[PDB]
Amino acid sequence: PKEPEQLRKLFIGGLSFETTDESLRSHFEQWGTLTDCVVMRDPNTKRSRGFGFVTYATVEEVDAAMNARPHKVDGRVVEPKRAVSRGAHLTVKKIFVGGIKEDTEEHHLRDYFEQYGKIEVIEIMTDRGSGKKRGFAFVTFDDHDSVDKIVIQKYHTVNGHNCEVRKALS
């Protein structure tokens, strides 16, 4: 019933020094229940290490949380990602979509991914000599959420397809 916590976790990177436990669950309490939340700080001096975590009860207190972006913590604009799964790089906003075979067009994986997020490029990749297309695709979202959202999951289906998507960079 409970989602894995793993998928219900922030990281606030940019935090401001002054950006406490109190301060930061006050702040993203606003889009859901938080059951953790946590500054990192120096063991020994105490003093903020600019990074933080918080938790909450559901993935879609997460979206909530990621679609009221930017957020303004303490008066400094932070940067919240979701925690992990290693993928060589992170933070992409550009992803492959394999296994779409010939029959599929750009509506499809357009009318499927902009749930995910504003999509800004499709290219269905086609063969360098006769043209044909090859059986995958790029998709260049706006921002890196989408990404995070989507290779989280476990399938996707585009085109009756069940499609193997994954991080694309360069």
The other form holds:
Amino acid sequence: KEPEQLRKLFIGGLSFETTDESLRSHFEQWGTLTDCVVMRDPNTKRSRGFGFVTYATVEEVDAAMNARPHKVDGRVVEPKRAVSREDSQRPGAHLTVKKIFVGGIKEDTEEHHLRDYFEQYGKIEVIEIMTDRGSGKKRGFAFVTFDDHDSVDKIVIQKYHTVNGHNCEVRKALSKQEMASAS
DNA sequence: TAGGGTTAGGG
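For comparison with the form deposited without the DNA, please write out the form solved in complex with the DNA.
Entire complex below, previous chain first.
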């Protein structure tokens, strides 16, 4: 049994009339559910428009995601890897992005080092190892863009990532302005 | 479209 957090999916954009039951009815098609819930207002009981489904295995979660687009109760919903309550406190943690910031890479890191590790997560579109403007010096970080936002979500939920022999920190890439609002 | 009475004691 892998961690509950890794076996869970956040489902956004849920129809007003989707219930624990209708949601389970749909997603149970890709595996056993150990949990399924529609979030609603504690007072009006009105749907908050999102919920969670948890499978018995991550392989089942992966099958569900490979089955996009997902339509529930006549509405196209948006399944996403569930971000922990702790990580959800981080700026941009819930953004739908295709690019990741990879920090703390050795000076001799080359693109193939990034490919070797990250391709396991999806189709890479662009790799950018940053250097100082005019100095040529390596800055110790890079950006990797994928073709599926889920590749990014699958990556950032994990804690460790080994590139060029050592651990590196990986976060969703935020624009200069986004971080400024979070700085 | 970000969580369900689910996050710092007492020695």
